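This document starts with one chain, in the form solved without the ligand, laid out as structure tokens.
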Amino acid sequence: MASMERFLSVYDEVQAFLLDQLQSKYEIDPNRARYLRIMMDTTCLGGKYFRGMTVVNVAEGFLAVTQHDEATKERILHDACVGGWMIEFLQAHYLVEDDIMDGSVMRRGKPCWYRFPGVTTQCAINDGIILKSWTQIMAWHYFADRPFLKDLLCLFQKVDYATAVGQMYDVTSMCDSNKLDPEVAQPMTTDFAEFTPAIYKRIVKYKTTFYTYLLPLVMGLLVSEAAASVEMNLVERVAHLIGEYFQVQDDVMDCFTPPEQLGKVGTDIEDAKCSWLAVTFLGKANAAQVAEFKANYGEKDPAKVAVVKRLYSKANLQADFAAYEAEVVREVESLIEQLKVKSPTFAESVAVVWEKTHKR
């Protein structure tokens, strides 16, 4: 059975389990069970399942080189699928809440969940909470007697927290650190002094790389009982690297991918986000180019957004992006080679992850 089919079948399984448990133990009625079923489908399905499928792909790699009974192989695959869905649901939580936080309009070519007529923000904040609770309900149900449950929960926990810290880094990224104060309304930075590579790196590392790369990779290792096939420091480094590159890609696409292929009208410029484009532009701009960026960035006026987009195109950031990508390729290949010392199999799963990231 192909990996995708198996992963989707487990969705249906987990969904049925969660809805049936709500009826048998949480006194739910059928209409609310329905609403929740539709919330789950709308918020968790539709993407490429890159995260959840990474878990499955890492486990498939170990299965190919490890002696197991058939029933054991099926168990391990089922665990990987469940683990995968945990990470997908974790994502779904973050996306629902982030869309609300940011007043976003669309996500994947459909309206953000909170904008559905019969949802609203008052329900959507809670639906997002439920999404994350379901990760834990799944884990405790499917993984209760598993040797890895402790390590899996502890890692999951740390990643979730990292992700929320990262969200804070991100939503504050256009404030001046020295002025942050719950008592005082926050002005946008005027100097852009904190739009640096180190700062940008910190935002992306927490907000995306831990849940998008490190969690799927390590979860594949845990459900495989293979975390001692690998050097964990290397897993982190490669995760953080490919993860930053995934986010530079999304930053570039926010600005330049037309909205039909992006699945939304990007608003990083209007929102004054600390993007790779902005940091890189500021790292090469002359005094006049800086001054004009400052007059136009972080304002809703489309004329001003167009001045920023012009500045970017004429600063030839395409070239900086090629250089960035070349350096990431060097470093990723290097880390893969290092991974081969203790696990050729895991190194190859990491190669596959890199390839899928490179080609999206």
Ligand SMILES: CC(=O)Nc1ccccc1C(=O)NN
Given for the second form:
Number of protein chains: 2
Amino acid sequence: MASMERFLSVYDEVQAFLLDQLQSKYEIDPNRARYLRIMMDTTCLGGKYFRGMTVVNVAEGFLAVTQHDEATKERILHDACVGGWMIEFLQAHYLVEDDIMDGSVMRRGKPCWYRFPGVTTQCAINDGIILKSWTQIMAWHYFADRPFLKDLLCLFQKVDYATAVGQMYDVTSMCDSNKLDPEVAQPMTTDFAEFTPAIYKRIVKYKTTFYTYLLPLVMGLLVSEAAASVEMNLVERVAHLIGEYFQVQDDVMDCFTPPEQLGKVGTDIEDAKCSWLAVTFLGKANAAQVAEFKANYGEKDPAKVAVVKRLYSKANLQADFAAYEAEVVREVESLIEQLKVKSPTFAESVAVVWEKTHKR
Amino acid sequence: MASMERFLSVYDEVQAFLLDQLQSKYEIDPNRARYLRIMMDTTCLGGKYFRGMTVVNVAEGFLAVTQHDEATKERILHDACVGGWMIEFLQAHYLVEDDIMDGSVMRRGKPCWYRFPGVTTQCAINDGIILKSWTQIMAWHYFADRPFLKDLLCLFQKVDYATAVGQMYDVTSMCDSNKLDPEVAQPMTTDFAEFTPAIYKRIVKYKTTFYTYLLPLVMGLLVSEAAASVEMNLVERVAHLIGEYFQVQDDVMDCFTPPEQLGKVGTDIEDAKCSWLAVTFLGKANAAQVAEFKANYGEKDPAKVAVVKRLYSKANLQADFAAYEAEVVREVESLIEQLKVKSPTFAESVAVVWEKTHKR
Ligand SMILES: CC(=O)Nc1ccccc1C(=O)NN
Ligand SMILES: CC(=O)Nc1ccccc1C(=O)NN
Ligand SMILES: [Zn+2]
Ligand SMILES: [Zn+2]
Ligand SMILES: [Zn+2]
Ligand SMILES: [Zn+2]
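Now that you have shown the form solved without the ligand, what about the form deposited with the ligand bound?
Full assembly next; the chain just shown is listed first.
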């Protein structure tokens, strides 16, 4: 069986399980099941499945070097697929809620879920809640007797919580820290003093890297009973590194990738986000460039947004991006080597994860 | 130590733990810790703690009839307090998200969290996410080596998921089921055919009873290692019963309790909710009363809202409420008796829970 065919098959299995359970146990009616089925499909399907398929790829790597009965290979692959779907549904939860929080319009060339006419914000907030709740149902059902259940649920919780804290760091990145106050409406920074590489790194570490890279790699190790083939501090190090690079690419595309190709209209400039471009720009700008940036950033006026894109465009940020890229290539290749001391297999999966990231 | 003093003390402990953890492990800064501290206080504190204190009361009941070392009594009481706070934070999550979903204004005489000037919807959605995430952190930290950890986390998940499904039943209660469709903007019912006692019961079972009554009673049993002193089917039966009664009281107050005493302006009529009053009214109305209700319900116009309150007011719904009340008294007293076959203690705690409900 090709990996993706298996993974998609398991989607249909898990869907059927969750919807059947809602009928036998939760008194649901056919029509509300249908709404939830459509919600699931709409929010979970249509991506590349990178996160979920990484769990499967990591487990296939170990299968090739470990002795097992055929039924045990099938159980491991089925558990890798379940776990990969947990991650995909977790991502779905955050995309639905983020889209609502950020007033987003489109995602992937289609309207955000909350914007569907028969959804609305009132239902979509709860739909997003349900998406994450289904991750737990999956785990307690498919993994009920498994040795790794405890470790997987603990890992998933820590990853979820890091991700929520990263959303907080992200949405507050354009405020001055010393002015955060629930009682007082929050003004945009005027000094941009908190637009630094270290602050940027913290936002991205927490908002994306844990769920996108750490969790799929560690989940693959757990369903394989292979956590002893790695040094976990190295797996954390390489996940945070590759994950940062991924987000830098995403920041640059928000600004410069045509909307029809990006799948949405990028608004990081108007939203005053602490993006890689803003930080890198401030890190090399002269005084008049910093002042022009300040007069124009975080405004909806398209003329000001164009002034920002022009400043970025003339500041030779491609050079800074290639220098960054070169350094990440260098460091990820060193970590991959440190990962061979214990597992060629796992180091190769990390290599594949890097290749898929680097060359998109 | 009085129970409430202990419970409040443990709040301060748990708060300190979560905020310290955010500093040592999650790279938080003092200012964002302070925002989260204020958020926690604002959303978790200020109620009666009924839910959390039930866990403590149930565990105190068992302590009085079970032999233990004093350190073991202290550990049980501390675990009951932690678990009670998990429930209180879970309720906080749902109140924050519900308030956003329903466009609520006030809760308990203060603005809803999302309406604070330095919060907004963008941050409050995520704050609510964090509230529930903190329930998990509590459990994995305080209960890490406890025998009941697995059973508690499984119970809490099922309760959370039931509650989300109940929010779905609630927010869609005024739509015709056969017209639910994410693609099509949802019209209000015109026939009210789905405003039935059985449909009402399903909404309330799921939206309130599991977290308000089932979970505190079962959590008390689990931290006490006492689940064998009960027949779980009876504990489910009595929790769903008392919980329904609680929600009927809440529905009647939304309509008839003065705003300054209710702590908010009740809008169930304007929101077209499937309330006890609407259902009970339709269950006795003549044809002209049903038609007047239909012409007036689910509208913001205060004159129409007054027409609805007038219809309810002339339909002798107090009689139906006393008849309901009498039947619930009767049935809960029968269940309490069935609960003595195994535990006087637990049956008394259920009695107290009922007294606190019935006489508010
Ligand atoms: C078209 C494109 O992909 N990028 C740019 C265009 C204009 C200015 C800067 C960049 C850039 O990448 N900066 N790092
Ligand atoms: C003042 C009050 O608490 N209740 C009513 C007032 C007017 C009409 C009906 C009721 C009622 O309770 N119905 N069950
Ligand atoms: Zn966002
Ligand atoms: Zn982006
Ligand atoms: Zn609501
Ligand atoms: Zn109410």
